[PDB]
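Right, I'll just put the structure down here and ask away after.
Here the complex is missing a single protein chain, while all its other protein chains stay put.
A, B, C, D and E label the chains in the order they appear, each numbered from 1.
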Amino acid sequence: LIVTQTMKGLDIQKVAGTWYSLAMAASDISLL
Amino acid sequence: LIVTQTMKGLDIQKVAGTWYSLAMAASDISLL
Amino acid sequence: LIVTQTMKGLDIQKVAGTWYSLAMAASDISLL
Amino acid sequence: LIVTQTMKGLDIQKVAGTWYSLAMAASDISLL
Amino acid sequence: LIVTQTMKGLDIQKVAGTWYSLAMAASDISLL
Partner (left out) sequence: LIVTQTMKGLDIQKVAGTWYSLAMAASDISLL
């Protein structure tokens, strides 16, 4: 399993809330 | 399994809520 | 399992909340 | 400039010669 | 400039010669 996530030139503002993570990756990801 | 996710030149604002993650990838992803 | 996450040129402001982590990665990630 | 080159499951033998490089990438590449 | 080169599961034998490098990357690469 190979994962390649690149982000370039982003503009994030006024993110009031529960910002988890812009980018995430794993072998098994589940949200209960 | 090969995953290639690239993001360039994004503009995000006024994201009040539960922003999880702009980009995510895994072997098995499930949402209960 | 290989993970490569690169971020270049980001602008984050006004992030009042529970900012967890811009980028995260593991073998098994779950949110209860 | 973003470059993502992944190679998986290769079989190379009997390569007598001037093997330069299986995969290469740069901003400006020229061969004189 | 972002470069991501991953190689997994390779089999190289009988490479008599001038093996330079399986994978290479730079800002400016030229061969005279």
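By our rule, a contact is a pair of C-beta atoms (placed from the backbone, for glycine too) under 8 Å apart; a residue touches a chain by one contact, two chains touch by 3 or more.
Enquirer: Contact with the hidden chain only, please: which chain C residues?
Expert: Counting over the whole complex, chain C touches the hidden chain at residues 2, 4, 6, 8.
Enquirer: Mind listing the chain E residues that contact the chain we can't see here?
Expert: Within chain E, the residues that touch the unshown chain are 1-32.
By our rule, only the chains that are shown with their structure count from here on.
Enquirer: Roughly how far is chain B from chain D, going centre to centre by Cα mean, in whole Å?
Expert: 31
Enquirer: Indicate the whole-number Å distance between the mean C-alpha point of chain D and the mean C-alpha point of chain E.
Expert: So the centroids are 5 Å from each other.
Enquirer: Could you state the distance in Å from the CA-based centre of chain B to that of chain C?
Expert: Whole-Å distance between the two chain centres: 10.
Enquirer: What residues in chain B touch two or more of the other chains?
Expert: 2, 4, 6, 8, 26
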